[PDB]
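Asks: Given next are the chains, with one letter for each unit.
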Amino acid sequence: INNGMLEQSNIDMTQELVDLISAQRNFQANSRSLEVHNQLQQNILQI
Amino acid sequence: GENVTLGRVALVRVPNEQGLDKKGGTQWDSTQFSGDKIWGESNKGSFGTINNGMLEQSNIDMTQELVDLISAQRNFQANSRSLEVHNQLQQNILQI
Amino acid sequence: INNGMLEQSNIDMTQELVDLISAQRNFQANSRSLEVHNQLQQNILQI
Amino acid sequence: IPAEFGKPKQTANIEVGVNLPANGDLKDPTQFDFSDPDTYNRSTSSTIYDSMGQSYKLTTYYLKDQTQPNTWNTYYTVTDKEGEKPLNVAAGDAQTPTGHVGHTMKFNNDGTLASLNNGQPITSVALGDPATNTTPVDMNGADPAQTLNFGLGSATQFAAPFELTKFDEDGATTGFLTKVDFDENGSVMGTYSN
Amino acid sequence: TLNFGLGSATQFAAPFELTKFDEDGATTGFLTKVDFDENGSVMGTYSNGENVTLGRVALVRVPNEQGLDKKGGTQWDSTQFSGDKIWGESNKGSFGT
Amino acid sequence: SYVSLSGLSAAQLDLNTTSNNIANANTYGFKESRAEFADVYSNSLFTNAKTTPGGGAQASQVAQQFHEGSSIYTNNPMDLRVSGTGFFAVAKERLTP
Amino acid sequence: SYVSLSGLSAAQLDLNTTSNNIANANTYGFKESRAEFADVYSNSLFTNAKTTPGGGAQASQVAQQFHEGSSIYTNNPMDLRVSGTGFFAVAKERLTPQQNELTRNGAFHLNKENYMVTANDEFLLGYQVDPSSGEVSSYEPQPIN
Amino acid sequence: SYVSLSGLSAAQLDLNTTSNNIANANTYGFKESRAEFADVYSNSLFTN
Amino acid sequence: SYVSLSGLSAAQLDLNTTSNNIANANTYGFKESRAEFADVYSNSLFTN
Amino acid sequence: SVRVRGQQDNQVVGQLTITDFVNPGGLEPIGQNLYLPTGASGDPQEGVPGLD
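Listed in order, the protein sequences are those of chains X, Z, V, G, D, C, Y, P, E and S. Using the entry's author numbering, the first residue of the first sequence is number 390, and each one after it goes up by one. Using the entry's author numbering, the first residue of the second sequence is number 341, and each one after it goes up by one. Using the entry's author numbering, the first residue of the third sequence is number 390, and each one after it goes up by one. Using the entry's author numbering, the first residue of the fourth sequence is number 147, and each one after it goes up by one. Using the entry's author numbering, the first residue of the fifth sequence is number 293, and each one after it goes up by one. Using the entry's author numbering, the first residue of the sixth sequence is number 2, and each one after it goes up by one. Using the entry's author numbering, the first residue of the seventh sequence is number 2, and each one after it goes up by one. Using the entry's author numbering, the first residue of the eighth sequence is number 2, and each one after it goes up by one. Using the entry's author numbering, the first residue of the ninth sequence is number 2, and each one after it goes up by one. Using the entry's author numbering, the first residue of the tenth sequence is number 159, and each one after it goes up by one.
It should be emphasised that the hints constitute simulated quantities derived from the structure, not laboratory data. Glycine included, C-beta positions come from ideal geometry on N, C-alpha and C. There could be a bad hint or two in this list.
As the list claims (entries may be wrong) - Subject to a maximum C-alpha distance of 20 Å in a straight line, what follows is the list of computed EDC-like cross-link-like pairs (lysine to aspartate or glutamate):
| no. | chain 1 | residue 1 | chain 2 | residue 2 |
| --- | --- | --- | --- | --- |
| 1 | G | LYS203 | G | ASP226 |
| 2 | Y | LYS113 | D | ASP329 |
| 3 | Y | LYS93 | Y | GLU123 |
| 4 | D | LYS384 | Y | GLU94 |
What the hints assert, rightly or not - On the chain C side, residues computed to face chain Z include the following (Cβ under 7 Å):
| no. | residue |
| --- | --- |
| 5 | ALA39 |
| 6 | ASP40 |
| 7 | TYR42 |
| 8 | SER43 |
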């Protein structure tokens, strides 16, 4: 136990920003897949 | 100051990895087609090594996956067009 | 009980939009089914 | 495409170089028993291969002779699936009342090796032949008449602690499939651990 | 009956102060969270830090599910072509999780 | 779609975890969280499952990574930090510990 | 129409496989799947063979391509990775080491009994080695303590 | 992307080591630290 | 950055100590002060 | 064959046999997607589905 000090967060801003970018990319890809599946169903629904 | 080895992680290898049956939660089990589980230590023979502080992500390529998505959609559309043509032919017969 | 704060809605716009798309798709499929039933009935009514 | 490829070669020569602690405690030659670590000073483990490529563990025990200064007793044991069967030297001058026969190592006062097995070469009895050994090694159909030659001409005894400076053997078990590639001729080529 | 201990009471210049109050009473718990494990057991935690299992869900598997007769409201009942209701736990034998 | 929707949900959960980590960049004593996911695969006795694909992505657990955080210096004796393993214990009510 | 329906089904199977691959883009230890297809053709002693078309497309198998995936770094000793060939063995129950499953992700931690377990609280398997032993003494699998 | 992230992590680790060295410029008895890195290559049965 | 901030703080503390020493060059009975610093390293079960 | 929990090497629970006819067109359709052998159908020849 040390007096005169406080603990900050244990996060790395660089890693958090990079993970933000990666998670956005994953979200975009999954939304693209969902859009593809909606387009296929719409295509069948027009015969 | 007593540094003592508490064990070592077991590493399991099957001869036919394609044949492993898929359980839930990124797990597999051995089956008739996968052979018997080969138990060994790491860094021995054909076994790999174990590194702490790391994880394995997926082995997928977003570029290749997106391109395969495009190609599969195109194949789906072509086959639906074929089915539409067949239905049109049958309806054409049914109107004499 | 905390003062100085309010509770917003507990909805997720992403999930709500996705459910909107899915419900529209279900509606379209069911309307397509009703059309086939009318078409079948009309087909009978023309002998 | 075999998972293991190679021609196993049985173990025939074992060259060992060690430094034996001169300041280690003396031990009783007749009270040696490999089940009791406190009867001897040091124990090292090694792996040997039979004719068919089976892996076995060879444990070597070193004991400090109390009756004779600058003298050591060395015993060998071969570990099979039934237990630890002691290995006996045919003409070793170190004997126990329990029937385990080792060999004696003598050293000069400057720390250099003096004599080995009264000048006779260290050849052990057949591993899996019950007619020569009271504890036959279960070799699982491999050659039962396999014998080992031990070379310790460079062993020393200085003030330094126990150290296994060099271990050399001619054994070769097998390969392990590691990579597969096909050339333009259609030939499938595989590389192995060996 | 109540036993009172006041062996550490003091009277100094300081104003009235309740330095320590210790009792062994215990009223009850209060349901705070509910979770189910992979075995189907229901576990509930309470205010007193009392995590107690309240049971486990029953799982029924019939040999011929196609033969189940359909009631209303997404429900089925056993028949004889469906076989007899086999009562079991989850993750045991042929049951799921 | 349900597999794609599961992918969307997993990505958004990782987004929420990262945003919560970013927001608490200045709070004292905070520990970052990591989102871990697992695959979804399940089958009954009726389905063959030799040629069936996956079931998507399922959230496994949000971890509470507890690696030591950095220290600031205030030169005030009332500010304390646990260097290494340990927690401070704080009681809501003075009487009850 | 049956052949066109088969084509639709094959395309939708490829779609589902790709979507499952995409959804698991972030999960640890995932292996991509590739869907392979085969032709359909079967004629009787009573059909002319050369005057009869084919029979559509049939799904062969969903493969489980097991090529090494990329690595992230957490600087956490409880996280393990198998560089090369191998699987971890994880046991559902602590006592039994027979009921074990193979996995590739290494997100481990210690539980209240000081056993190295996964996210699902499934105990990892390992070999018993003595504090003075060398190689594996008992090559049987039991939970690591 | 993961390779680039590894490069970023290596650069940041070197940054942290250098900053720790510079911070302790006045401390008595300090020994500097040097950060060394190694390549990554996975030898698998697949992936040619 | 907290490492760099710590270095700034240590340098500034030495600055303040030196300035206090210099200011009292004329006072009777004064004794100079010296600032000593120590390295920081947190030993946790994590962080390798 | 079926797979039992906690048991590799799936257990065989039966063996299907199928019958062929020299002239399947001579079978008597008795309804319910069933056929009965007749004189012109030929003798029912049985065997494992994939041999002979």
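Asks: Look at each hint and say if it fits the structure.
Replies: Evaluated hints:
At most 20 Å may separate the alpha-carbon atoms for a hinted pair to count; G/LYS203 and G/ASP226 meet this at roughly 8 Å. Restraint check for Y/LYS113 and D/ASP329: satisfied, since their Cα atoms lie roughly 17 Å apart, inside the 20 Å limit. This hinted pair checks out: Y/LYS93 and Y/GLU123 have alpha carbons roughly 5 Å apart, not beyond 20 Å. Between the alpha carbons of D/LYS384 and Y/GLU94 the distance comes to roughly 12 Å, so the proposed pair stays at or under 20 Å and holds.
Residue-level restraint check for C/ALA39 holds (minimum Cβ-Cβ distance to chain Z is 4 Å; threshold 7 Å). The interface hint given for C/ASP40 holds, since its Cβ lies 5 Å from the closest Cβ of chain Z, which is under the 7 Å cut-off. Here the hint on C/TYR42 is kept, as its CB sits about 5 Å from the closest CB of chain Z, short of 7 Å. The interface hint given for C/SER43 is met, as the beta carbon of that residue sits about 6 Å from the closest beta carbon of chain Z, less than 7 Å.
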